[PDB]
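Given next, in structure tokens, is a single chain: the form solved without the ligand.
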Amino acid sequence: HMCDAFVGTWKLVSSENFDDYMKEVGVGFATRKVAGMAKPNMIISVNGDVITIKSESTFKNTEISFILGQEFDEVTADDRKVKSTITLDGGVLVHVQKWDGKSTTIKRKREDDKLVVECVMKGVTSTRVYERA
């Protein structure tokens, strides 16, 4: 029942500072422009200890399945090959991505009827807000 309140289909309703976050991550111009247009759906499900997060978007479709605390390989929407670890900290999913000596952290939390995604790269944050589809 660890992630019950995350389970479902969520649609992006707002984004702030995503372009600057992507710049800080190292995403190139064309990918930033096309990725920034997208209004993805995020589909979260749980089966036993395995959590699956899918992103359905006009830019890129992605899927990760993972066990909390157990590192896995991930190919991000912007095509980075990263090593990811996701934990639960005080009811927040905390996702750390490592690649090329770099690191970024994505936090996912429930707040009222929304799922709020905070992406942090050094000093730069982007906030993406989703509502139930």
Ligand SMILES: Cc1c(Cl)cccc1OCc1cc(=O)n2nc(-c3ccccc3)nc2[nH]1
The other form holds:
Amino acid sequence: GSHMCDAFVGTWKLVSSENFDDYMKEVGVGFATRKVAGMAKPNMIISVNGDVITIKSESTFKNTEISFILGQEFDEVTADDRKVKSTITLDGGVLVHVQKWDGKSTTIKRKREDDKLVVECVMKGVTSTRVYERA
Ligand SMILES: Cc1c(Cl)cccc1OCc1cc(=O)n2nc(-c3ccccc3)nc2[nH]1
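Hand over the structure of the form deposited with the ligand bound; the form solved without the ligand is what we had up.
Next comes the full complex, and the chain you just saw is listed first.
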């Protein structure tokens, strides 16, 4: 089939987190924005309309929404208000998402395992891991 849609579509709620504060600190986020954003723990929604995929946070201070096609670079405005160039691709059934800005780079992997969606964020040496369940 084209089984990526069934694996990823839905509303996902955070259930665990490691080193996200560190990851945000590395990305440049300030001390107040980090703490609040880290507590916010928004649900994240994935939808699909043809070739166009959309990832939205539910309402949180610092709403976000991207809409993209696999392989096509696109401008994104992150939750900490960075203007980045993002490319997302499907490699192994993992969604790999690279953001470039100011000669810097961060990679965000999103993979299904069992009934769970695991999100790994890497910036320089600093690796964050967050796990989500269907809400
Ligand atoms: C929020 C944020 C801040 Cl303040 C700063 C830097 C990066 C951020 O986001 C990075 C980031 C964090 C995170 O928990 N997830 N969770 C998803 C997700 C989960 C399920 C379904 C679809 C997407 N995508 C991400 N990417």
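Positions refer to the first chain, counted from 1. Think of the rigid core as the biggest set of C-alphas that the two forms share within 1.5 Å after superposition.
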{"query": "Position with Cα shift of 2 Å or more, rigid core superposed between these two forms, options 57, 85, 103, 52", "finding": "57"}
{"query": "Cα shift between these two forms at residue 9, which is computed once both forms share a superposed rigid core (Å)", "finding": "0.6"}
